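A single chain, nothing else alongside it, follows as structure tokens in the form solved without guanosine-5'-diphosphate (GDP).
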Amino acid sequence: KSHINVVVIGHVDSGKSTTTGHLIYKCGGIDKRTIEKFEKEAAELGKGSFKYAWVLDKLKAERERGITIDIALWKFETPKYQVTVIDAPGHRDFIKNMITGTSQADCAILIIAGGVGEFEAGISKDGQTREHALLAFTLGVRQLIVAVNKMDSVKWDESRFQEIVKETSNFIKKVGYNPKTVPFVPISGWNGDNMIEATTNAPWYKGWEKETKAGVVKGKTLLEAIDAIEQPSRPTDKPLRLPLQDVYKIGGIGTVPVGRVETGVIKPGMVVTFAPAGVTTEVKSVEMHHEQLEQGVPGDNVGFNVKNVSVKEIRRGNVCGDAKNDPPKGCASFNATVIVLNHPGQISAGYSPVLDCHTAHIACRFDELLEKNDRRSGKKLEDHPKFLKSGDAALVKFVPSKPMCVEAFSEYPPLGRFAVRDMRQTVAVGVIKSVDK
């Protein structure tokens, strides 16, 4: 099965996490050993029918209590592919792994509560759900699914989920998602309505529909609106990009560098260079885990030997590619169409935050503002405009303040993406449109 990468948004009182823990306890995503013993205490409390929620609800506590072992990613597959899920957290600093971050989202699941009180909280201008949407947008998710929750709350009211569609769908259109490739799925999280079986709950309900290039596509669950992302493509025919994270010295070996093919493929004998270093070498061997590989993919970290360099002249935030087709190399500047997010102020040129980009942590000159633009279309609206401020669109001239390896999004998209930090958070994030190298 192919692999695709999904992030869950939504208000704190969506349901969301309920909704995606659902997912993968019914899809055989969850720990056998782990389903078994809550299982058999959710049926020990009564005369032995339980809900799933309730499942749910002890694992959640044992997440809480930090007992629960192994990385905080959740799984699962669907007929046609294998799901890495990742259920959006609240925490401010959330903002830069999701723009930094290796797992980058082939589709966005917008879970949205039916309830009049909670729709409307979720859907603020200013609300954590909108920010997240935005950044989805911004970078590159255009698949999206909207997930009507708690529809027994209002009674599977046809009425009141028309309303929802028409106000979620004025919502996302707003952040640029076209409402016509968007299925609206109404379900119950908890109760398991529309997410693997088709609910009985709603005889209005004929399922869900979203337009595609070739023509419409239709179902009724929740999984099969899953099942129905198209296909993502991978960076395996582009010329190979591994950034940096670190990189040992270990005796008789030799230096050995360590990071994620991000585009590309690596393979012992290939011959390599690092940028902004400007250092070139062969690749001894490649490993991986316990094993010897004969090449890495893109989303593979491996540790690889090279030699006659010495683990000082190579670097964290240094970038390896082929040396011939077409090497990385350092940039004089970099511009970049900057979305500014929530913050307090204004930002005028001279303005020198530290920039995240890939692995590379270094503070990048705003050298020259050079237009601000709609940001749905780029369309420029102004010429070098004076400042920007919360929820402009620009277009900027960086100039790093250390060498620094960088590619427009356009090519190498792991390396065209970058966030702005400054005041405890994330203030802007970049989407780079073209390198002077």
Given for the second form:
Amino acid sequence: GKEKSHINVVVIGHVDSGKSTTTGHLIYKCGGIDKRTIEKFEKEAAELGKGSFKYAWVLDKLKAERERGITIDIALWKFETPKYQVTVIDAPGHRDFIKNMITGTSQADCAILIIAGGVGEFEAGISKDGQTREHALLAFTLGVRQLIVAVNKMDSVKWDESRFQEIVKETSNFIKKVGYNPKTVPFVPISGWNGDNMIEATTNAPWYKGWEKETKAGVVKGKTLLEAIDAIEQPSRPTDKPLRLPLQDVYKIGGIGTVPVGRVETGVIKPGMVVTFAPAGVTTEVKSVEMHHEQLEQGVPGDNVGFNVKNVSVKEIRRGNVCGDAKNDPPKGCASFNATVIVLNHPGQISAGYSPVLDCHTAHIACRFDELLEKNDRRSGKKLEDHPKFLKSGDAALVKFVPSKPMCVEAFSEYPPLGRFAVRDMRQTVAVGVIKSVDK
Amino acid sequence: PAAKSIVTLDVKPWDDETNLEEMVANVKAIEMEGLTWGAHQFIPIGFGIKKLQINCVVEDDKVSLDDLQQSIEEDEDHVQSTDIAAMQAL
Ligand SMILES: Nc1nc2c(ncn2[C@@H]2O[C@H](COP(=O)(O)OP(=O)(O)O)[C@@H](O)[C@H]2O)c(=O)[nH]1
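Taking the form solved without guanosine-5'-diphosphate (GDP) as the starting point, write out the structure of the form solved in complex with guanosine-5'-diphosphate (GDP).
Entire complex below, previous chain first.
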């Protein structure tokens, strides 16, 4: 076919919005995951009748197959579009996914909100205490500025235009409250099960003239959900930015030496460079770089590579440490750092002195809520008060943190992968923060 | 039916000598209600070092991924650390 650029997408929605079917359908018809199991059920479908079969049927069997645990391919799902190589995530309901959506690999460039057109279903999906809103809120706070809304199950409502319109208005209010601007959001009416407006235009709604959205250069329109994905705007890759490679592991290979491993969040790693390991301050040359099978002449953002260095004991550098260019804004530890915290729903109240564990990139350290600088209006950033005495669910505030152990972090504005963290406590994520200033 | 999630974990060894067959065996020996181990491979990551990449399906309200990662990691002799390679809904 043709060359394509990479983009990440996370699909969120209520437990019955039909997002697993919608997502499954795309990967199926636009990708190649577990094709073997697929080819097994497409041939088996000959039983159902004379051979015909609904894609959803095969998808259904594939799900039961995975539950048995006999499928090959892993959880990393991809699919292409007339322009994009997409790594998608069907947002899990599991609570431990929250941290992973903040400290995990590859932050989404766009989130697709799947909504059920059903009467009672819709209301239940947009609850203020539902998981759907939480995923939306997190996506927003973490900077996912692009969004797509898909009103699914339009078949169950006989494709009535009026019902579609009301859905759009209520959904626009809902996302507006999160912080999204509806005028930039394509509202696509589809049917994950029948395939309407998924990859091809539907024929069950003459009234439907297609979706549309305002952008910095004008208004973009379309008919299908695939088109909406393909319309996602190209994100800015931090290739030219300074090197930042949080360490995941460290090895000691005979005849080789010390070989740390990790992901290049920003910048480029090449052999011949002189790096530094923060917050230790270890400086050495990059002998070489490997990833998977080969050698690489260089590792770009997104690569999980291993590199070798000499004159550096494996007992000097460890997991959570940051690697970077010694001669280009190099990595350093901090005495403290100020961040914007968003308290999520949870049984509690935070106050100065609170010292939970914070997961920042590969770092796992307990930090102290030294000072509650100010409470702020989440969406605008405007200050509501100075030195509040405590924070509760829903609150947004500027907090000054103090790491208990040597730690290295960045201002979200400069190094996104190292300026967002998760606050662990009460067997869950009680808060998400964004670094605004660091005292290096 | 209960809500589930399929997860793929990255289990790293200590070096290029760590018995890889032993690591996965110890991992699979871990029994939890609502947990189902699946496929797994040994993937090279550089310098002859291979990591463990195994899948599993879990019941949200029953299995804790955090506790699971802690349990695996108790195998000091083989496991250096663990990471979530990726995860989806079911
Ligand atoms: N009428 C109708 N039902 C659908 C459609 N897509 C999915 N469903 C059904 O809605 C239910 C929920 O879908 P599912 O993918 O499990 O939702 P999720 O758990 O939120 O991802 C299932 O029983 C599906 O068969 C659709 O377009 N129309």
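Numbering follows the first chain given and starts at 1. Definition used throughout: the rigid core is the maximal C-alpha set that superposes within 1.5 Å between two forms.
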item: Displaced position between these two forms, chosen from 410, 34, 401, 390 (C-alpha, 2 Å or more, rigid core); value: 34
